[PDB]
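A single chain, nothing else alongside it, follows as structure tokens in the form solved without phosphocholine.
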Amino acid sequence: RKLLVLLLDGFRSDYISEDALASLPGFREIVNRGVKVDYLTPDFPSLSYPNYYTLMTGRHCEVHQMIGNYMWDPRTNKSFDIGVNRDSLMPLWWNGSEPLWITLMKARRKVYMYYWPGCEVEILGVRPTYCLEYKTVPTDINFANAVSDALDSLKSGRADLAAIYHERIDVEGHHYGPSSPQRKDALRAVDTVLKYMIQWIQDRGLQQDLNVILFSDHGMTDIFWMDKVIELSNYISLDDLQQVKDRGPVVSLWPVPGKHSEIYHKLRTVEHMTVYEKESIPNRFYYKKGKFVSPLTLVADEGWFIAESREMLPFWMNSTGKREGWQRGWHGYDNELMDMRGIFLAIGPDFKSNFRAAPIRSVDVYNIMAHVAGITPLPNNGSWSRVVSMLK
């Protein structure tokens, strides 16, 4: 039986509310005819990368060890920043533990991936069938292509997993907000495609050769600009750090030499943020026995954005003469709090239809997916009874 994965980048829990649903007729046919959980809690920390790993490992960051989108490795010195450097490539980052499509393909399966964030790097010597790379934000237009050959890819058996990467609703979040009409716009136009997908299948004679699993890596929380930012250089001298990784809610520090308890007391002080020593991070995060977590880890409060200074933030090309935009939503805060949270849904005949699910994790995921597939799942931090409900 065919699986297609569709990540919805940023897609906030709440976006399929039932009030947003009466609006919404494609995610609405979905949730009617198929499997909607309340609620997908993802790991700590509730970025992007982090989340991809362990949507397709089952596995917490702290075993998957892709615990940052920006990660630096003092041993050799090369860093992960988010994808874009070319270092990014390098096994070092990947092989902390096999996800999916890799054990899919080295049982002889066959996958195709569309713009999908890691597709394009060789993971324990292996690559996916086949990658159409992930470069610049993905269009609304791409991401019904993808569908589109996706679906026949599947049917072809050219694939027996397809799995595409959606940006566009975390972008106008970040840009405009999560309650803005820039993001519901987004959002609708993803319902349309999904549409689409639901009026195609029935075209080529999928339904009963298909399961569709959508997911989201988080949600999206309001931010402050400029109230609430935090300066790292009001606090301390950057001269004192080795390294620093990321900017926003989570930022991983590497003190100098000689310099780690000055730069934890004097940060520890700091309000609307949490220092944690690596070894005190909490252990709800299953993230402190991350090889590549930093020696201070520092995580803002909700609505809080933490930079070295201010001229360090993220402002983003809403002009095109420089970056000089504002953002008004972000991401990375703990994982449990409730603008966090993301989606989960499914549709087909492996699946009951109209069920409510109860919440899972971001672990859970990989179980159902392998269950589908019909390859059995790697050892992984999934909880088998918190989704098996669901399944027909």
The other form holds:
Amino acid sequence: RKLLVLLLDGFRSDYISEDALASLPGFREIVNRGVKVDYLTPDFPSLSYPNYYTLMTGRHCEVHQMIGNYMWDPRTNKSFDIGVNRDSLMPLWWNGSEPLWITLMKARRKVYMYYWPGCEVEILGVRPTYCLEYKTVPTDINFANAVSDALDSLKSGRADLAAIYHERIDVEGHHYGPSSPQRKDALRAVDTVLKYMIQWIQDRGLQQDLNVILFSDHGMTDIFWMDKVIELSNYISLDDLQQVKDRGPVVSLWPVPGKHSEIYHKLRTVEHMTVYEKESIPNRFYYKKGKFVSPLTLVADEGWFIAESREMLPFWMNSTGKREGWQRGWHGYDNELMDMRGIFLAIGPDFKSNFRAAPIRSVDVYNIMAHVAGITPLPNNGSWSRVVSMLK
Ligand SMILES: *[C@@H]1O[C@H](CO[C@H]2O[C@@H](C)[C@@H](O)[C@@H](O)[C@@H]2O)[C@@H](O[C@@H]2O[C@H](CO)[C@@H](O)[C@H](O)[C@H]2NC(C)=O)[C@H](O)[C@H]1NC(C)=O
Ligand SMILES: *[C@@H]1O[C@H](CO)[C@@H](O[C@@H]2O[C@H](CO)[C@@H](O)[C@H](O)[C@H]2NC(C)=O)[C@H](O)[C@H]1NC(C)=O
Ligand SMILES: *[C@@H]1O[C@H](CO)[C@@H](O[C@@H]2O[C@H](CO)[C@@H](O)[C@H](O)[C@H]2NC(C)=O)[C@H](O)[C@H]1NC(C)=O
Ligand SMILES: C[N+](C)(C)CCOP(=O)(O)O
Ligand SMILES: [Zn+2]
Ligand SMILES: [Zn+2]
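Structure of the form deposited with phosphocholine bound, please, following the form solved without phosphocholine?
The next block holds the full complex; its first chain is the one shown before.
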């Protein structure tokens, strides 16, 4: 039957703990009438673009190839800069595996996507039926309207799958911290939309024709500027680097020829991070085989933040003029950290009700989505055994 998928960026698993659900009527109703996993473990790195593609392919990042929010290809000398630069639209970055919406389009199913990062790309020669492109952070009004519009498109048969992306829980987790009232306010707004979404589904006659799946790409943890900042320019010269990508927990480095060993050994001494040669990256990350993975990768300890320098931190615009706001939450760290856990819930004719499911991994979600959408999944890294018991 029809499928509505909701991606809630940055939604940490314990945001809907038992204690939290006592004041979250929308999620409480989904929990009471559907499926909730204890938590969703993301892929490494626990960043957006990697986990977006893990969720929609069922494959680890070393397979689908989207291994960072920021990536560089030495062959073409082109960059993927968290989807902003025009070259992010190159199928080079996206053709490493076929995501579910492309498979559905090629099976002549109709797909509507709202603000979903990636829907604006021609992937493997294909695009979804409809894409409302992500431009800025969507507002809570944008979210409520997309949910209503998606239900209309599913009811009218213009869409078989509708997929909606919402960012603001991530933004407030970053700007104010995961335990902040600002983050809780953004969650409350989503909870209220979901409460009425349930009413809209019933009221428009879709309750028996529609499953709804909700998940997140990763959780969120506290960071501690300026004490817990690692300034790379205190240890190595940028002149010894061909390229550097990203700041924060996971940083990709490409040394100039002849400086690989020196950069490696110099950064090996730095406390509160780990530097890995590509061949020595922990196998459990299912990351090291990706073609875009850099010769050296830095992984910060939880709560620490790697940057070129303090003055080069990603300050945010909390005021009119220059960006001076400190970030208070972040993610990207070791994907087995409790704070990096995300969520998965489901409700509808094909899911059990009031069912607490064991924790699953980001790679497990694709098989579920494909099953209830009625399409054969492409071979992937999900475990059917880890998810099968939530289905009716
Ligand atoms: C915009 O932010 C600056 C920087 O201060 C950061 O301090 C943290 C509390 C963090 O939450 C982050 O949001 C915030 O941006 C604010 O200036 C700072 O104000 C504090 C007291 O609130 C002073 O102790 C600091 O000395 C001062 N630092 C600087 C560089 O000004 C600023 O108030 C804020 N602007 C607005 C309009 O709120
Ligand atoms: C997916 O995108 C890649 C990147 O554009 C395509 O491969 C490139 O294009 C041609 C294919 O032979 C070559 O000249 C390039 O060297 C390729 N670059 C690579 C492979 O990194 C690929 O063909 C696309 N696949 C589909 C099905 O459209
Ligand atoms: C994750 O799944 C992918 C896709 O099924 C696996 O990659 C395939 O592995 C077989 C066996 O070596 C190859 O014949 C295919 O060509 C591979 N496909 C791709 C797209 O790479 C991969 O081995 C799985 N990873 C793990 C850790 O189980
Ligand atoms: C990629 N994005 C800009 C749409 C969302 C935020 O990215 P991320 O901080 O969750 O990795
Ligand atoms: Zn995210
Ligand atoms: Zn984020």
